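Take this structure first; my questions come after.
Removed from the display is one protein chain of the complex; every other protein chain stays in position.
Going by the order they are written in, the chains are A, B, C, D and E; count residues from 1 in each one.
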């Protein structure tokens, strides 16, 4: 499910993964390449910057959990996001 | 007076009523249908979610006050907003 | 270096000067004419309103410091921004 | 085929959309734009200071239709979007030489 | 000359850009738009309440190219932007009668 939000400086961001119920990891579509952690459950939207190294590791961790769970569709989709992004 | 603001997630919002000097009630133009209360007098913009039931009741209350005050133009305009929205 | 950001109400803003490492002064492109001070180093973006009189004085101060420093390119560019804006 | 491009008051989006869908026009693209024209912004007050919005918020709704649908789509948009006050907006008609559906590679009438 | 206008899923921007640049198309303009069509939004949940996004986020990528580049640019965009699911978007071709480069006053083929 494609999810986007707008950052006041960087413009349109794309959700590369859903971290949990309250939290999403986004990347910039117009800049190469910034990452932000954004809370779902917050009235003021805050963009927590996330480093590129850490972003990569977080996705790899999720990839590994998805294949262990046999969530193969979600794995395949995240894998393609990962390959495109990193 | 048409008033809009942009929500980072939901995009363009339209002011359905001016609650008071410091506060406006907005609805989503691109989603069917979310409501937000937004403060005028605040440096960080916060979007307070408002339920659909409550939104409806708040407008009905204002409608009733406008007709009691004989604010017939403002009533007519709000009435059309109400009919369109609910 | 052209720098812009988006204000949820007022829309696109243009950086008229870089106040310091953490802070920029912006003006509205679509409204005539609002000013905002915006922090670089903040996860929630806050727009601090700045009065027109004060905005003018702040730029004049910077103009004077640039010519004293012999920063003539930066002076010339800021001078043209100043003339356009005020 | 023709592109129909309507600059409307944003709150009119739902009415215009319903009118088009009811007329069997089932796809459209909407962009946010700022209009400058005869309609002026109300010289407002913020921190007790004067200013005017010079470029007012509008939406541009774009639909690509068959040549023989233009008058019908125009009539529907006009009735849905008008208010009678200056600032209601404009509709522009321009030629579209080809349409391709990305998913299939389908063209023209079969792509819309 | 022709304007090529592609409505795509936003995350496909990088792929489309790389494809165009690889095909020697070195300039393009991108706008954010909302699409309404056959693809529906997922009826989501916010504060435990139902709602649907009716106008879905897309990007419009516009490139002005020579007449004899249209098929090539179209093919490149299609291969880069498609997913096979409804909502992949559309490409519209329309005429451009003149191009002027602002910096120089250069025209047509020399302006792009």
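Keep this in mind: a residue touches a chain if its C-beta (ideal position, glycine included) is under 8 Å from a C-beta of that chain, and two chains touch if they have at least 3 such contacts.
Touch with the chain omitted from the figure is made, among D:60, D:101 or D:103, by D:60. Set against the missing chain, the residues E:23, E:72 or E:99 yield one that touches it, E:99.
One chain is missing from the display, and on chain C it is touched by residues 1-2, 4, 12, 14, 29-30, 81, 84.
In the full complex, chain E touches the omitted chain through residues 3, 13, 17, 26-32, 64, 94-103, 105, 111-112.
Annotation for chain D: contacts to the undisplayed chain at residues 2, 6-8, 31-38, 54-55, 58, 60, 70, 74, 77-78, 81-86, 88-95.
We adopt the following convention: only the chains that are shown with their structure count from here on.
Rotation angle relating chain D to chain E: 120°, from a CA superposition, given to the nearest 5. Annotation: 33 Å between the Cα-based centres of chain B and chain C.
Chain B and chain D have Cα centroids lying 23 Å from one another. Of all residues in chain E, those that touch two or more other chains are 32, 34, 54-55, 57. Among the residues of chain B, those in touch with two or more other chains are 6, 8, 11, 29-30, 44-45, 49.
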